[PDB]
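Novice: Using the sequences and the accompanying hints, generate a full structural model.
Single-letter residue listing:
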Amino acid sequence: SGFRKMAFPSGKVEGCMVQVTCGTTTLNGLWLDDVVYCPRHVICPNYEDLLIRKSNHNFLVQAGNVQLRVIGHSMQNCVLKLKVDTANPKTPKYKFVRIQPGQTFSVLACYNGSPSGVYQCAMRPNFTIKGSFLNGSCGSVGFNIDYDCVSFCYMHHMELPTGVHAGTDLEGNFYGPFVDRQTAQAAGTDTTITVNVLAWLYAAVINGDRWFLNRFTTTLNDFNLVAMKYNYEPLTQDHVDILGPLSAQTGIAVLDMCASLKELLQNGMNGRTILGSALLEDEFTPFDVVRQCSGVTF
Amino acid sequence: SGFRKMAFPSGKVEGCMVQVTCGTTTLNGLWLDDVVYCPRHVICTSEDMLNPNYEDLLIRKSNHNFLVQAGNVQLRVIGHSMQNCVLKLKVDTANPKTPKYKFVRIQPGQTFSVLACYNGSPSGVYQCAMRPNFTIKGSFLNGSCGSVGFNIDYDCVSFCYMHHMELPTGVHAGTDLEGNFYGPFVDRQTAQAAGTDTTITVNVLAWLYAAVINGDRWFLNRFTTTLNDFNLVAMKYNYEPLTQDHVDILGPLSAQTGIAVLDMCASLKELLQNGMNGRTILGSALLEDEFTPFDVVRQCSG
Ligand SMILES: CC(=O)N1Cc2ccc(Cl)cc2[C@H](C(=O)Nc2cncc3ccccc23)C1
Ligand SMILES: CC(=O)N1Cc2ccc(Cl)cc2[C@H](C(=O)Nc2cncc3ccccc23)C1
Ligand SMILES: [Cl-]
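Residue numbers (PDB author numbering), protein chains in the order written: chain B, 1 to 44, 52 to 305; chain A, 1 to 302.
Accuracy of the hints is not assured; some may be wrong.
Okay, derived cross-link-like pairs now, SDA-like style, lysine to any residue, Cα gap no bigger than 20 Å in a straight line [said to hold, decoys possible]:
1. B:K97 x A:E14
2. B:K100 x A:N72
3. A:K137 x B:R279
4. B:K137 x A:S1
5. A:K100 x B:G15
6. A:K90 x A:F103
7. B:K97 x A:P99
8. B:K236 x A:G278
9. A:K100 x A:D33
10. A:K97 x B:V73
11. B:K269 x B:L232
12. B:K236 x B:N274
13. A:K236 x A:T224
14. A:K137 x A:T196
15. B:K137 x A:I213
16. B:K269 x B:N221
17. A:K137 x B:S1
18. B:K100 x A:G15
19. B:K97 x B:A70
20. B:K88 x B:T24
21. B:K137 x A:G302
22. A:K236 x A:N133
23. B:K97 x A:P96
24. A:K97 x B:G15
25. A:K137 x B:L286
Label pairs and their calculated CB-CB ranges [said to hold, decoys possible]:
26. B:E55 x A:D34: 55 to 61 Å
27. A:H64 x B:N84: 54 to 60 Å
28. B:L67 x A:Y154: 20 to 26 Å
29. A:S81 x B:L167: 53 to 59 Å
30. B:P96 x A:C156: 20 to 26 Å
Bear in mind the hints are in silico, worked out from the structure with no lab data behind them.
Idealized CB from N, CA, C, for every residue including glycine.
Specialist: Spelled out as structure tokens, the structure:
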């Protein structure tokens, strides 16, 4: 029993965190094989013009108390790829994956190439992450651990005026309509990840919380009309199919749980809580619920 | 900016997780140097659990009865001893991944990270607080026994909890790394119940200071309170009494924000009375109590 916002074990990622210094700028790098990946704003804009003026010895890379010598440098979108002489012995089995909004991942927050914390995050529908980052956190990575392979999905670049965070996949492609420079940028209007709220309602049912259940069901269209009114993401047939295992395990049809969410959206919690929360939680995917309520290890 | 329930990087702890098997029972062990620490109930059957004489059960065991597995490598148990409710399995290999570590016993309200494991394999990390009733609100399934709670301060891992059992209310009970239980619990299947829980007041105030540091000031008021009047109100909402130690501990946050601890107490009294009125504090509709004053300073400064 119990339901916590759980992150993947960070160990495999910790062995990849390095410090990247270029001029006065210090941020984090991800060292995989003989390449160090970091936000290209470390050189700061005409990034091709700024990069051509740099030599390899301008980038000081530090792995623990050991300096790595940079032998090459190239830019891929908004990421700088610093070729180094030493291949990281702690390099795990890894993939670079771009995630979709609503998908969750763990963030290993670092300062000066040193991991300080791990937390669970969701890619908001507005392509921002509600993270916890201070200055120096740039280059901190987001990941999922699939069996023994680390899927790198996020590299932190900046903080938006509302305190939310923006970053790229490991190929330098930003999540959202953001750019890596000091200009007027704002996070768009956010929405609730519906499939994730339903998944968390199934996790509450598995944990004995059933007060919100009702005898009612709904059509997917009737629910999507209600969801749109509360700034909830449209629920697709794919989401309904994805919730299938949880629906079979609890005996509550996805549209039956949708009718519960409909009543929670119109009537509220009425002083009650679900899994210790007075708000409907949307940062647990259906897979996160199955992994935590069945016990998958890495 | 931002405030998250943040756990410590688990890597140092992951390199210590092993699987301990005794007959049919399988649980996790913490391998530090040449010793594997695990709950002593690994020697028990499900029947024995009501009234087990652990000294009697342990004297009947030999070293080769304990199968210890570190990854895909079986470790050879060369000795065994019991220290309170922990079994210390001396092994023939010192863990090369052994970090700088300390065994620390924590007080209620203190927080720590939990690396939940099954079969010596880490599956997740989350943040926890030792409840005032000496239980932890964890996320644990069968086979999680032996999972550890820790803090990482600088480069040293402070081991503070080892998971032993789940109480009937879904909450968890365990020991420090010396085998001493937190709370009036025993490693037995006897009728045990978690006492009435209370909110860790110093932690709620710390989280209100974190909200102030992050620009949330809606809940502040023009009032102050005496410490005694705050506790008289706090007790009515099942909040832990706030001591002068707590007031002193909140000093740095009070200085940083400019809001006296007893003024922050007056805000809390008002939030208890009024509720949130559809508003949130740090993305939460409830008053959060699993962030200590130390956690807030570390997350809001470095
Ligand atoms: C002065 C400032 O805030 N910056 C401007 C900026 C613009 C564009 C890009 Cl790509 C990066 C950045 C950096 C930036 O967002 N850095 C930071 C990242 N994550 C959290 C932070 C929390 C407090 C401060 C900085 C943080 C630096
Ligand atoms: C009732 C039961 O399964 N057990 C009886 C018991 C009594 C005393 C001691 Cl010290 C240990 C234990 C074990 C126990 O609590 N194991 C478990 C630990 N953490 C979460 C669990 C979640 C579901 C099931 C077991 C869990 C086993
Ligand atoms: Cl303590």
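Novice: Take the hints in turn and mark each one as holding or not.
Specialist: Comparing the hints with the structure gives:
For the hint pairing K97 (chain B) with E14 (chain A), the CA-to-CA distance comes to about 14 Å; that is within 20 Å, so the pair holds. Using a Cα cut-off of 20 Å, the hinted pair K100 (chain B) and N72 (chain A) holds, with the two alpha carbons roughly 18 Å apart. Of the pairs offered as hints, the one joining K137 (chain A) and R279 (chain B) holds, with about 18 Å between alpha carbons and a cut-off of 20 Å not exceeded. This hinted pair checks out: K137 (chain B) and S1 (chain A) have alpha carbons roughly 9 Å apart, not beyond 20 Å.
Between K100 (chain A) and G15 (chain B) the CA atoms are separated by roughly 17 Å; this keeps the pair inside 20 Å, and the hint holds. Between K90 (chain A) and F103 (chain A) the CA atoms are separated by roughly 17 Å; this keeps the pair inside 20 Å, and the hint holds. Of the pairs offered as hints, the one joining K97 (chain B) and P99 (chain A) holds, with about 16 Å between alpha carbons and a cut-off of 20 Å not exceeded. At roughly 18 Å between alpha-carbon atoms, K236 (chain B) and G278 (chain A) fall within 20 Å of each other, so this suggested pair holds.
The suggested pairing of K100 (chain A) with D33 (chain A) holds, with an alpha-carbon distance near 10 Å, which does not exceed 20 Å. Distance hint between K97 (chain A) and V73 (chain B) is fulfilled; the C-alpha atoms sit about 19 Å from each other, no more than 20 Å. A threshold of 20 Å between alpha carbons decides the hint, and for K269 (chain B) with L232 (chain B) the separation of about 10 Å falls inside it, so the pair holds. Among the hinted pairs, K236 (chain B) with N274 (chain B) is consistent with the structure: their alpha-carbon atoms are about 14 Å apart, no more than 20 Å.
Of the pairs offered as hints, the one joining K236 (chain A) and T224 (chain A) holds, with about 18 Å between alpha carbons and a cut-off of 20 Å not exceeded. Proximity of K137 (chain A) to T196 (chain A) is assessed by CA-CA distance (about 13 Å); at most 20 Å being required, the pair is judged to hold. The suggested pairing of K137 (chain B) with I213 (chain A) holds, with an alpha-carbon distance near 17 Å, which does not exceed 20 Å. Taken as a hint, the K269 (chain B) and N221 (chain B) pair is honoured in the structure, with Cα atoms around 10 Å apart against an allowance of 20 Å.
Proposed proximity of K137 (chain A) and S1 (chain B) is supported: the alpha carbons are some 9 Å apart, at most 20 Å. Under the criterion of a C-alpha separation no larger than 20 Å, the hint pairing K100 (chain B) with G15 (chain A) is consistent with the structure, at around 17 Å. Among the hinted pairs, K97 (chain B) with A70 (chain B) is consistent with the structure: their alpha-carbon atoms are about 11 Å apart, no more than 20 Å. Under the criterion of a C-alpha separation no larger than 20 Å, the hint pairing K88 (chain B) with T24 (chain B) is consistent with the structure, at around 19 Å.
Distance hint between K137 (chain B) and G302 (chain A) is fulfilled; the C-alpha atoms sit about 18 Å from each other, no more than 20 Å. The suggested pairing of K236 (chain A) with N133 (chain A) holds, with an alpha-carbon distance near 17 Å, which does not exceed 20 Å. Under the criterion of a C-alpha separation no larger than 20 Å, the hint pairing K97 (chain B) with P96 (chain A) is consistent with the structure, at around 15 Å. Using a Cα cut-off of 20 Å, the hinted pair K97 (chain A) and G15 (chain B) holds, with the two alpha carbons roughly 13 Å apart.
Using a Cα cut-off of 20 Å, the hinted pair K137 (chain A) and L286 (chain B) holds, with the two alpha carbons roughly 19 Å apart. Range check, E55 (chain B) to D34 (chain A): Cβ separation about 56 Å, and the 55 to 61 Å hint holds. Checked against the hint of 54 to 60 Å, the C-beta distance between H64 (chain A) and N84 (chain B) comes to roughly 57 Å, which is consistent with it. A hinted range of 20 to 26 Å for the beta carbons of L67 (chain B) and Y154 (chain A) is consistent with their spacing of about 23 Å.
Taken as a hint, the range 53 to 59 Å holds for the pair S81 (chain A) and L167 (chain B), whose Cβ atoms sit roughly 56 Å apart. Taken as a hint, the range 20 to 26 Å holds for the pair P96 (chain B) and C156 (chain A), whose Cβ atoms sit roughly 24 Å apart.
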